[PDB]
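Given next, in structure tokens, is a single chain: the form deposited without the ligand.
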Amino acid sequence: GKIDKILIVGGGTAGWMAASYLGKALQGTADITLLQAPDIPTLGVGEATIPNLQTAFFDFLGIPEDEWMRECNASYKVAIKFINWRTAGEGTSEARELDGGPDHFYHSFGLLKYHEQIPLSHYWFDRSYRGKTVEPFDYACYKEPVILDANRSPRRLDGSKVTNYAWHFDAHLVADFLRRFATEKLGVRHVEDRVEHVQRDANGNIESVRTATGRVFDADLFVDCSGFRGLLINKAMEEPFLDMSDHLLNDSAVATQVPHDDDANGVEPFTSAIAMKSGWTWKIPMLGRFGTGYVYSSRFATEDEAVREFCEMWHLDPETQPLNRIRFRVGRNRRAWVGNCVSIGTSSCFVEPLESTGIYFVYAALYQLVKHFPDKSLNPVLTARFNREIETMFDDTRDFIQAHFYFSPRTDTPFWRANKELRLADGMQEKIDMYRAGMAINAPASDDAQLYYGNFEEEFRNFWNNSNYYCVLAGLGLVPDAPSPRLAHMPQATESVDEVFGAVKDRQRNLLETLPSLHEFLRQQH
């Protein structure tokens, strides 16, 4: 028979996302309960997202962007801005000078146009390599950088959208919002209780969960949203966790939230990823405040050193500033789903938030869970395919992230040097090989915005694509060995591409002149 009963263990963000998505997907055909025990609450230190959060998650739920944004005090994200990844020095919020300008580059959500079937990146590098341009890749190929430099809104005062964007918010507010939504609109049962004992049967499946009050919860399917502890997937099911520290040295964070006077300084329409001596710091602007965290490697800095260098960066008192000290569990389970137990969220996998993938990993996995939905016979092929989708989503992100450090030119601290001594995974070395040979890496099948950020399957298959790779690699200074050989056979195309770079320049100038500041737009809403 069908799954009748689902027990979600863990509240927080993944828990209530799971409750909401499953509540919606299976509405009226399964009874869902979430077990949540109270925890020491943390500061809201900020979460950055990607555009398909609206199209894959909130639209699936039937929640308009305006409804959730209002309740979560959200702001807009047009790009990640990478600061000081190429220059030596202390951890500072000001960009250093590099070749006549600030040491920054953007990874934005813009689409990279094709010209005559070839991505603009390849024409850019062709001209760069032959000294016909010295303009950075991101300024040449995307309208976004010029308007991000001026803190522009991604929407006009009349509401019309000029660029792809996503969101900055306090995760706690979003979890709250979803808890209200699941319990009130979807009849998800909320039980405040603490897991004391997980009972397994002779097949290794979870039979039930007994709580500290002595209540027993049985279900056909268990969803582990307990975070790093992995109370079901690791403690009960004994599934091993794969530590990825031969690829990823960062395992810790110190974080806080800082009041901000938006009236005096405006709001930045981007996340900042500020390179540090032994890691990097996020800055996630919200309304009246920003979230910030130094992600660092315990192998290269003590907790005290990280605290001191994070506080000094922001001119905060390390003795009195409210701080979150976090030790992460980096990596993934050998298998995300085992028996009748599916892990979702950090109980499944975690990588540092360098590319804003944390929330995405939750709803991407829920999408895959519903796609591979079992009945009570729990057909093993469903479980196996789900696992393969999760493993690829994680490993590809792990690789992509590793490359941000591996290809930094910095040699100034033990941390930056040690990153160059790690190996890239085989699959990543293959992409780098291709990239050096002038190939696109996972070119999107279409340069259409909507078809990509609006159709989840397409986006899941092609999650890190050529645009993403060139932003990061060319950003850091890794470029191909020579221009794509095809281009020498396309003289007309290399002439006419001039008008494509020109149309980018025009949009850059026109948007810079007509767009209001992000702050101007936010005040109008509120």
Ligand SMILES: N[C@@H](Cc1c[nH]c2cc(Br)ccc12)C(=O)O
Given for the second form:
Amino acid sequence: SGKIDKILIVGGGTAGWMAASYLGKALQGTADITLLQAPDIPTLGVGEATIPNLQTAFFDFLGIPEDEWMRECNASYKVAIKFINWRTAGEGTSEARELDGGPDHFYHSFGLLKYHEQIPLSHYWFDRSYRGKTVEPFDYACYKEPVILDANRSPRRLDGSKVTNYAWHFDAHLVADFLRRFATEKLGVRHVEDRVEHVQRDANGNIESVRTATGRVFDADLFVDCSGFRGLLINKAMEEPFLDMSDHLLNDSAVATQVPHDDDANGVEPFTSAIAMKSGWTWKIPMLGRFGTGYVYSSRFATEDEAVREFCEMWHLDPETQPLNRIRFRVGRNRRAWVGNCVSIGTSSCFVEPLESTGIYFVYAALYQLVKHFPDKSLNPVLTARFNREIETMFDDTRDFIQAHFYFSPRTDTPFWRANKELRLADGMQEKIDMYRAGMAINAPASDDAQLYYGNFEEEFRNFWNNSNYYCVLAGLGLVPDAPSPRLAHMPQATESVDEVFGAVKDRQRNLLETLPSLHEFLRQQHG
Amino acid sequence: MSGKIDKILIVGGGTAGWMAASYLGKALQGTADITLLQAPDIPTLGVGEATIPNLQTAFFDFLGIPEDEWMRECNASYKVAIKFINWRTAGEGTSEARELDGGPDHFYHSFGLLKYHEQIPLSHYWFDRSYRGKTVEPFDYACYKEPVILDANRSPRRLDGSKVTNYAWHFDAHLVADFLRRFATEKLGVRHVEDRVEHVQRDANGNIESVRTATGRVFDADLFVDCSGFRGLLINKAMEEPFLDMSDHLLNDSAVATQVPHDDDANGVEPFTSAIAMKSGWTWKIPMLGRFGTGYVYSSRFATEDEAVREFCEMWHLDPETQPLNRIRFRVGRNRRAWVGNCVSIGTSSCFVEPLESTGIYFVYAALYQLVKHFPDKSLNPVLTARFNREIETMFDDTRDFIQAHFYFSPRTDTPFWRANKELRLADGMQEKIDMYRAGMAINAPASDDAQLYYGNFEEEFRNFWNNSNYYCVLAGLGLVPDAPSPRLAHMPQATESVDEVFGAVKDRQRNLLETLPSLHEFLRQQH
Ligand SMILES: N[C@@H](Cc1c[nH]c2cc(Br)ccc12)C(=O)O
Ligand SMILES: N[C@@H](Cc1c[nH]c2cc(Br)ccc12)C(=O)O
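Provide the structure of the form deposited with the ligand bound, given the form deposited without the ligand shown above.
Next comes the full complex, and the chain you just saw is listed first.
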């Protein structure tokens, strides 16, 4: 019995120093935290994309203003994800192909669809599209962002006022160093540069101590595994099985690099690009003077040399001189994220391809659930079981959503895209698609107030993947309901007054397009 | 078998029938012909109905009926909480609270949400002090301001009309049914037919084709709404849908009720419903204007009808040979599926549970809200029916589990009834909630402590109907408390110290409202 006195974090990556900062802040003055980190071969900064709650749920919790960490991490702004060439056959190219008299792209923006007479705007859009009253795509009809993103507009005016929900693009290595300084200098976290040599467990299977290569022994009451894919504690020591979920996600490898960019000549894109490839997809994360890019592919349909060739040719890079990072990740999650006195945080717990910018979210979302379910020395099993339940739902819901990107793509030109259609959706995901086809919303938000959504982590965590996200991806790829929502035929006044709702989006599209500065213009004044 | 619903037939009148006619008539105004089949039954006494705050915001506001309009026409009173009397002390069934720890054996279940302090509900701070001997005040008096003003029969609104707390209403159901009958027929164009169902004609698909009445009239429709009560003329008799008896969780199955005249000038009016524990059940008291309704809900396995009538009459000093009494034998449980084919069951034809927590009328307009949200066309898409049945199934089962906890966790052991309740088993969903509760966790904590958002957004409340505030009121009120304080509080020394001002604010509101609020009788006099 007694409270947790000492906490040992194994691993000093991005997740490791987020755990040290979050736990150091949450338990300030009531727990001694030590982080074990061994020097590894450093890698390139291939870029990271995030979601709006990174500020409200993480940096706000630490008490760090957005401007403070943005300037020290050379971060850019992210307004949406631009899905390129997901509906047209062809090689992997950065240029959008032609589809129905226009470029093959669609946006997944932040925020929530507006409610009109208790019904999301998506249902009103499809009702018009189904009956031939409109041909405008879903994203351009219901969101104001696509128009200003086509012109690389900034999410904030020169006076600082924000006109849309946005996230950030940055190099994870810089944020890790920023949080390393914050945790050690402000929160009293102890940093130890050593390599784990032996993990000693007791008769109950719990971790007793960790011995390093130099002979130092570190004991604690609670151990946090941030060692990445290796899982030194949760997998190696605790012997907890890892659940491979490649029966839903075929991608398991990646080739990534960083490419210099002339922001003065071309501006900066306020969005992440997800460019469909022949055996996967390639991300593009614009930053300051450069952009990170990585080809996520499936080793079952493309060899590493084929992926390196495809990746370099699309960006006009020299495969013999370009610095490249070749990665082979494990897709899935542990059977239990928390076992005994060992809590897994980061890629040691779970991993999925960064198609929807969930990597960093998984860290501080798990850290949020860890503090909410924080135990004492008795390690109450109810706290551990409920934490493991939240983590498995957080990941499995994301896994199902990511699979829908490939499962519902109309492409059939390569074995990769054809095989994705041969996989089976999870029962929870298949039920969601059944609702969608019936004209229902999928996890409709309780309110269309984005400030409440992104300002209340509990409100968002219970409704992380909401109707707005599903319609952006499903309707963007071409999946639409079999027929309009049957209740709209009983709402003649609602379907008539909705004209002003679509007109309001058109007016904001025109006004913001004409008045907003470019992202490059704002970044220049922002970053000095 | 396509096209929108054109004709809707409601079988059964009363409260459920005319609530369905009003809600569906308003939602589908001008796009559906609605006919209500009602046969004259032997009328019963007005034994009183208790409600919850969303009755105005989710039902009457949807109809466009101001609170003052329907209150005056139904002679309604105000309800601020439920006072549970004699649930922790042994003895006969009496209206007088017994002595417990130097005070009356009662505790309140109030409306609203517990205030958050540093992201933690106030209940966790209360028990932390109680566990460490820092306080002896009961949970309800420490965290709620209502118990103090309810002990003095204070009004929930000042004489100037300003409301000082969340409240509901007390009324005779028959008056509300007549009010809605006039509203639906005169304002919404609903057709009322006085006839008795003679034969229900089904087709080869199992769907209802038409209904023939005793006079030979045949009524056909596209969608049928069963509001026939416990008889289940359509859902059970015609559709042959099985009814799931749940007497393994709730032993009460009978009731003896009446109405008692009351001199409001001499004794005032109680702004709360009373739940008076009995030897083989419990007795309600629903104060109204010049009278109060009362009913002894009991278990036929432990008390005969004559024993319950005697217990009921003796506690109110009534003549068992002359007092007008209503003897009822209800079915406890729910249908296997609330909606089958083109037949949707609404009201007690769908499910029933004892009115211990004032959920009877709520079940009607909550189901009507889910019916419109899942409204079908002539094709009757099975996904709409399946999702509706799931929402109804969760709505009742969660209520069933909560109601059982009232008896399961009562410390009384003096009668075979109370002893047998401890021999039943809680549902797995309820047992897991109790496991969390004992572990110091909240049970379905609200996303926000803003009651206006909660009671103003039916979707927000429906997803969190039984929240942490409700569970703590009943469980801690009966004496069930966690095994130890939340381990997370030991790491928040500043939070556990600054919470002193939160409890002091409740004490200041208790003192100020007690001195300035008028009595309910005083406010009712000026209003009515
Ligand atoms: N609730 C999350 C859901 C989400 C996860 N990844 C996203 C990426 C984009 Br682009 C838009 C939304 C999300 C949000 O609205 O930010
Ligand atoms: N969310 C519901 C829960 C509830 C159902 N019946 C109740 C009865 C009382 Br008294 C208080 C709360 C409830 C409310 O607070 O109105």
